[PDB]
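Coming up is one lone chain in structure tokens, specifically the form deposited without the ligand.
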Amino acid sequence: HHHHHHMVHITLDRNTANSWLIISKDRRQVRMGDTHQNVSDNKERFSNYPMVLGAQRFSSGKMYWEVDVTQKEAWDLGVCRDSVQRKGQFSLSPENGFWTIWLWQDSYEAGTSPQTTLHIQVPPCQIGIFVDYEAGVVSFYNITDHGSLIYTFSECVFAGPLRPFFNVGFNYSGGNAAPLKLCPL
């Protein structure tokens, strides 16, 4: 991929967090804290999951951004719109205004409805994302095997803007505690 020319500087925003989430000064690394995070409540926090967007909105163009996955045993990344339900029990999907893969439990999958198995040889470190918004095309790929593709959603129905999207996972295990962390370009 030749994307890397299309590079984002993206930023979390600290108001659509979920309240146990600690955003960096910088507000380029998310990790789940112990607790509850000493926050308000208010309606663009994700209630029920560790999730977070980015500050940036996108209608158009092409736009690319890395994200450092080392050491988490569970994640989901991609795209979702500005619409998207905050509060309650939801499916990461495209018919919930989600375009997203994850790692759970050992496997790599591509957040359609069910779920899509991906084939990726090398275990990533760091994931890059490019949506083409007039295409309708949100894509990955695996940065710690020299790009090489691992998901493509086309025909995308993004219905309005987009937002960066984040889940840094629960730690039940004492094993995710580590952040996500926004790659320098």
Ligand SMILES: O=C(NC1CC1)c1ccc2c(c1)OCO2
Given for the second form:
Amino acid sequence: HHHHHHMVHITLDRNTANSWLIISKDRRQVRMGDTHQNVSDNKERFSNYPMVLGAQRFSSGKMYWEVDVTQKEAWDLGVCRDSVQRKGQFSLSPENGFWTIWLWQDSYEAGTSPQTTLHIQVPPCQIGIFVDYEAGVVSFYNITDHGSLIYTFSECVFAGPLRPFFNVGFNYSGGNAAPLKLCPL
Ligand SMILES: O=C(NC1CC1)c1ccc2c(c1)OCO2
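Let's compare: the form deposited without the ligand is above, so bring in the form deposited with the ligand bound.
Every chain and every other molecule in the complex is listed next, the one we just looked at coming first.
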């Protein structure tokens, strides 16, 4: 792809984080802690899942960023409406304000309703995310495989400002402790 020149510097918003997440000083890395991280509760925090938002809000234009997923067994990545539900149980779907892909139990799927099987021959270590606000497109790229297309959501109805979205996943197995990292431009 040729989206690299729309690169944006994403930082994580601590105030939205599940209370078990540990965000680095530079706000560019996040991992699951083994306990509550001693923060107060607030109405912004994702309560049920190990999720966090980027601080940046997008309402126009073309945006691109990259995320490192090396050695993780489970994660969700993409973009969501600023006003998505934070508390309780919910599914990742465009109807609920999410445009995401994930890894779970050795398969990759797009967060459509119902979910869509992805066809990845080279397991990605870094994922590129492209948003075209005006066109209503969210695309995902396999940086490990020379930028090959993973998935395109088209005819997106954003219906609000967008935020970068992250889920580091649970670590019930002891094999999913590694962080998500925002990769340098
Ligand atoms: O963004 C949407 N779909 C495209 C990404 C694939 C989308 C979101 C909400 C809807 C909807 C469609 O239809 C009725 O409520």
